Amino acid sequence: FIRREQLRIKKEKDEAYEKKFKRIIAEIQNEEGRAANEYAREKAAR
Amino acid sequence: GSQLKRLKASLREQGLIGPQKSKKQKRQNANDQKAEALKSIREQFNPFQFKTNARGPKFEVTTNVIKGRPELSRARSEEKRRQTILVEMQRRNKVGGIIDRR
Amino acid sequence: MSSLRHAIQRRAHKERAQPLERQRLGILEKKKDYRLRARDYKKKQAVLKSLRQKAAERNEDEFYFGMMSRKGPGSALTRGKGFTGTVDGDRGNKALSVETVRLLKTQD
Amino acid sequence: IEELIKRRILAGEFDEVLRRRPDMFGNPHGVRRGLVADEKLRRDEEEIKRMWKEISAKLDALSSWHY
Amino acid sequence: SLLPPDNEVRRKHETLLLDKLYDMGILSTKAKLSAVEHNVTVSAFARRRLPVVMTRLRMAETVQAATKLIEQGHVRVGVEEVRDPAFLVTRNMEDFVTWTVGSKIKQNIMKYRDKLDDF
Amino acid sequence: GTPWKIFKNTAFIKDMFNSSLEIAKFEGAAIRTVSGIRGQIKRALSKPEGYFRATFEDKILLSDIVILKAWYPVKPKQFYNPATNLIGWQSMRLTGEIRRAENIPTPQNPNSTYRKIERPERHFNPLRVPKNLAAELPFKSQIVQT
Amino acid sequence: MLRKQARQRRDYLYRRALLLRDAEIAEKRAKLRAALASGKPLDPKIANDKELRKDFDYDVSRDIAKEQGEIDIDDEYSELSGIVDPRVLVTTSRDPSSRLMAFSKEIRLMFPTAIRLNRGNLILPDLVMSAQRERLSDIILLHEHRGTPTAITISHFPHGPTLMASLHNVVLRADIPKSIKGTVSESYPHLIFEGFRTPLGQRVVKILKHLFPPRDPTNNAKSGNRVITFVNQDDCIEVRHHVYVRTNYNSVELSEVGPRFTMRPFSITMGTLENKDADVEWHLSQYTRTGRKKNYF
RNA sequence: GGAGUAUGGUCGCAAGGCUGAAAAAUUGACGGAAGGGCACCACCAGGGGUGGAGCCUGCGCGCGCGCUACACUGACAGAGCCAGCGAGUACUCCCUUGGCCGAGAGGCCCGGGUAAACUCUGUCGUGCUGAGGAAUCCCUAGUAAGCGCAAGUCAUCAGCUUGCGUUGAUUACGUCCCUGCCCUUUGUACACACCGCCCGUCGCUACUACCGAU
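Protein chains in written order, with PDB author numbering: chain A, 858 to 903; chain B, 3 to 34, 43 to 74, 83 to 120; chain C, 1 to 108; chain D, 541 to 576, 608 to 638; chain E, 62 to 180; chain F, 922 to 1067; chain G, 1 to 297.
Don't read these hints as lab results, they were simulated from the structure. Each hint should be verified, as a subset may be incorrect.
[Stated by the list, open to error] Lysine to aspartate or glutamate pairs mimicking DMTMM-like chemistry, simulated, CA-CA at most 20 Å apart: (1) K54(G) - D175(E); (2) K71(C) - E99(C); (3) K980(F) - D33(C); (4) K73(E) - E79(G); (5) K980(F) - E62(C); (6) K990(F) - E15(C); (7) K206(G) - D631(D).
[As the list claims (entries may be wrong)] Quick list of the computed label-pair ranges, beta carbon to beta carbon: (8) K68(B) - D871(A): 53 to 59 Å; (9) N1006(F) - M1(C): 45 to 51 Å; (10) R110(B) - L544(D): 57 to 63 Å; (11) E617(D) - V47(C): 47 to 53 Å; (12) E869(A) - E96(B): 56 to 62 Å; (13) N1006(F) - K879(A): 51 to 57 Å; (14) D178(E) - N220(G): 56 to 62 Å; (15) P158(G) - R110(B): 23 to 29 Å; (16) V47(C) - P158(G): 41 to 47 Å; (17) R108(E) - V47(C): 55 to 61 Å; (18) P158(G) - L64(E): 33 to 39 Å; (19) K66(G) - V140(E): 50 to 56 Å.
Yeah, the Cβ is synthetic: ideal placement off N, Cα and C, and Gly gets one too.
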């Protein structure tokens, strides 16, 4: 019983894990690169 | 005999499966059980719910067949193993409880 | 980077020797020695497997010219105690005929 | 298990193979062995069947009839 | 190829040609009209003449030994003998090629592997 | 642990436990001998009271050290001394000071102390081919060794 | 004969590797046809591929029939599918025990044109050559631990796969007394596959499905009182085989008759039974890192 | 900038409770009697387990599946004679008294706890020195039993599992009479040939007329 429970816990944990981090990485990349390309267009204007 | 044939016969003895009867026939039946008998039917005819010795008794004593239920044992053992071991694993290191004398 | 690492940071580790309650049974196969034993076993077993494909896909009526000029392996049946299925050859020396032998004898 | 068995036999649909008719190709329609422009396309297909019979004989009787 | 692609009789001729050639011994696939288009080969017919197929099936060594051998006639094909070194060999027959009733080539084989039994 | 007998892929292990009760706690579990072989503890072994059966990738050698990675939970203590420096206070001493104080050595294990090793330049046996194969195999690849 | 089977084996492998190369090419080919169909632009390389265009105009239509589902792909199986009532034999390991031989008997009775043999003291490659000499279409070795079954080897001739699979959670016929159980109803059953969704899944589905006689295609739904059910969760192929009686069109009454297997399959060797020169098509990979967690099937 | 290919953020819809767990059908439903085929879950002939004592895995103190003991099938002694799987710098039965050499960690030394079978020849003569009932289950040509020797194949298996060689039988090898199971009484290719419209209860559909309320 320990075996089936522990390993089910590992599975659920890893799924939540990689989901959480791909969320945060995508949001952060979008924001920082968003304003970065904005600064690119602004400096490129002059 | 076959499982198929014996079960068809039995459910015909109950009358659940037979030919299409008539209106006056249903009148006669209303003129003149089934649930617990069908419980026994499904019990008898899904017999790989459980385990049985094929011999019978080694000695026949008279003084006045299911010797077990594997699925029920796995079920109840699952319930007990959950209600103890899982909550131990979840409160591995939990300090503090309520002590109640009454 | 590669100057974002301190000196004691790159100070890496040192293997742990065989315990000296045991050493009469052989050195301790750590990782690299395991890899070596693996790759040897691997290339040998794949050689063995390819040979097995050949020996299950022989044809009995091949024909060459070697078979007109070598011995054959055969079996224990005709060869005896002393049979691996090697095809022998010569070792180098032949039936050296009489006249030259006389010449040898005179010289000796 | 038991309910999905029940489910499939109820809405009875079976993944299992059926007996295909043994020679579906040349006899796709299958009448009994018993008593009974698009025209340019048809001319072309007739000529193709011609060339096919030609090549059939030529090939098989090139290879001595083991085919 | 000229036929339109939706034609049932076209697909039937496709499978026809590919099945008959794949059981002939020229081709390699059973799927590509392209393979018919620039794979079919007089060297493929040459590769299916009975000299080279006994070479690949490893009767003799090369096609000299094979061809001379067949001229003096040592290769049965199933039951018949062989005189005429262009007996084309289909994929079905490339197994039942073998040596004749008792020849010295058979006895070369058997004298070497030491199963030589004069009976 | 320590290997007792070593068949090809499975293996027995000797001096690790005492009781197959403990092994039947340790069923189905994970075991990673030094070299790099992940593997599985399957099932207790009957007659030697302390031996147990695993399955590994390739044979662990007889000279290996079978380990079991366990993670054991621990508990700090509950001692606490406020330092009453305006009253006077007892400090618990330093442990180097303790061994200096009552003349007891700073322990060590000669098995534990790092050393360098002197390996040999590892060569191998030649290939061997079974004599079945030696008498069956086709011509052009028939082995020739005088 | 053995020649011509072995030559067909290697031929089939050669066509497979050719299928690999031409499939990688045809990945570029298929992109054209629908692009012609929808007029949308493509990658200009694939556009400016000359041999692709020539070979395209020659060989569109087989891809069309692929889309249609008309054609029968190459494998071990799809030569003679709904023609030969596939003969299946069973034989256990070297020295069977009582319960084992009874369970092999039962599984002979579960697959319906199955004949049983007893193995005695008889040699494994000669069993294979003899079954090949009778032109079978199956072979099933079933091993035992201590009066209980272990491992089924659904191997399928002339040169297809051997699914060697451990069984778990098996209980037989011959424990339940002959009064309660009945003699088996031997009819050509139906077959129902629950949950298979990966291409490896359908590969295993194929090698199970051709262990069954081709049900006559007229009234497949109504006739037949016998069904067999394979179903998987956590890669675990589990089978229950039930004779039903159908009291209504809103209620059907089952009867558990065939045994209870839950097999986990650990190898599909693309090579027949003994052939230790095996082309390992798949295996249960323990021992790797996330091969415990992730799911095939 | 165009084209795809993704990754997650944002918004709309799906996301309003006449509610309160437990058919279709001209084809449909169930049977029965005749006719064949089949079957070691059938007959007939035979064999052989398990089930007796013990060991013990597994399954739920019980249980079977294996293994072992059980006396003429004797012992002991000599002599004589044949196999198949078999090769990873690799495999070890422990744990201890002493002593050696080791300022110390050890290593030594001595103790304690390429078959089985078969055949032949002689020496003895049944002696706590007893081959598993009812029951059941299996089995028809290299099939059953007996014997060993090996390997330990990711999964299962050492309380064993699996290979492979050796010695190789009785008794059937007919039959559908018991129990059965399947399927014929539709369709499915035509000859010379033969047979000659099974049966039941109902259902459903069309029509006929009735009955009586409102």
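For each hint, the structure was consulted:
1. Proposed proximity of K54(G) and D175(E) is contradicted: the alpha carbons are some 57 Å apart, above 20 Å.
2. Of the pairs offered as hints, the one joining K71(C) and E99(C) is violated, with about 28 Å between alpha carbons and a cut-off of 20 Å exceeded.
3. Distance check on the hinted pair: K980(F) and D33(C) sit about 14 Å apart at the alpha-carbon level, within 20 Å; holds.
4. Between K73(E) and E79(G) the CA atoms are separated by roughly 17 Å; this keeps the pair inside 20 Å, and the hint holds.
5. Note on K980(F) and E62(C): the hinted pairing is violated, with a Cα-Cα distance of about 41 Å set against a maximum of 20 Å.
6. Under the criterion of a C-alpha separation no larger than 20 Å, the hint pairing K990(F) with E15(C) is consistent with the structure, at around 19 Å.
7. Proposed proximity of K206(G) and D631(D) is contradicted: the alpha carbons are some 35 Å apart, above 20 Å.
8. As the Cβ distance of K68(B) to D871(A) is approximately 54 Å, the hint placing it in 53 to 59 Å holds.
9. Separation of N1006(F) from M1(C) is about 48 Å and conforms to the stated range, judged on CB atoms against 45 to 51 Å.
10. At about 38 Å, the beta-carbon gap between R110(B) and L544(D) misses the expected band of 57 to 63 Å.
11. For the pair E617(D) and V47(C), the beta carbons lie near 60 Å from each other, so the given range of 47 to 53 Å is not met.
12. A C-beta distance of roughly 19 Å is found between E869(A) and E96(B), which places it outside the suggested range of 56 to 62 Å.
13. At roughly 55 Å, the beta carbons of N1006(F) and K879(A) sit within the given window of 51 to 57 Å.
14. The hinted range of 56 to 62 Å is satisfied by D178(E) and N220(G), whose Cβ atoms lie roughly 59 Å apart.
15. Checking the proposed 23 to 29 Å range against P158(G) and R110(B) shows it is violated: the Cβ atoms sit about 58 Å from each other.
16. Look at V47(C) against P158(G): about 29 Å separates their beta carbons, and that is not inside 41 to 47 Å.
17. Distance hint check: the CB atoms of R108(E) and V47(C) are about 31 Å apart, inconsistent with the given range 55 to 61 Å.
18. A hinted range of 33 to 39 Å for the beta carbons of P158(G) and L64(E) is consistent with their spacing of about 35 Å.
19. One distance hint, 50 to 56 Å for the beta-carbon pair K66(G) and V140(E), is violated here, with the actual separation near 43 Å.
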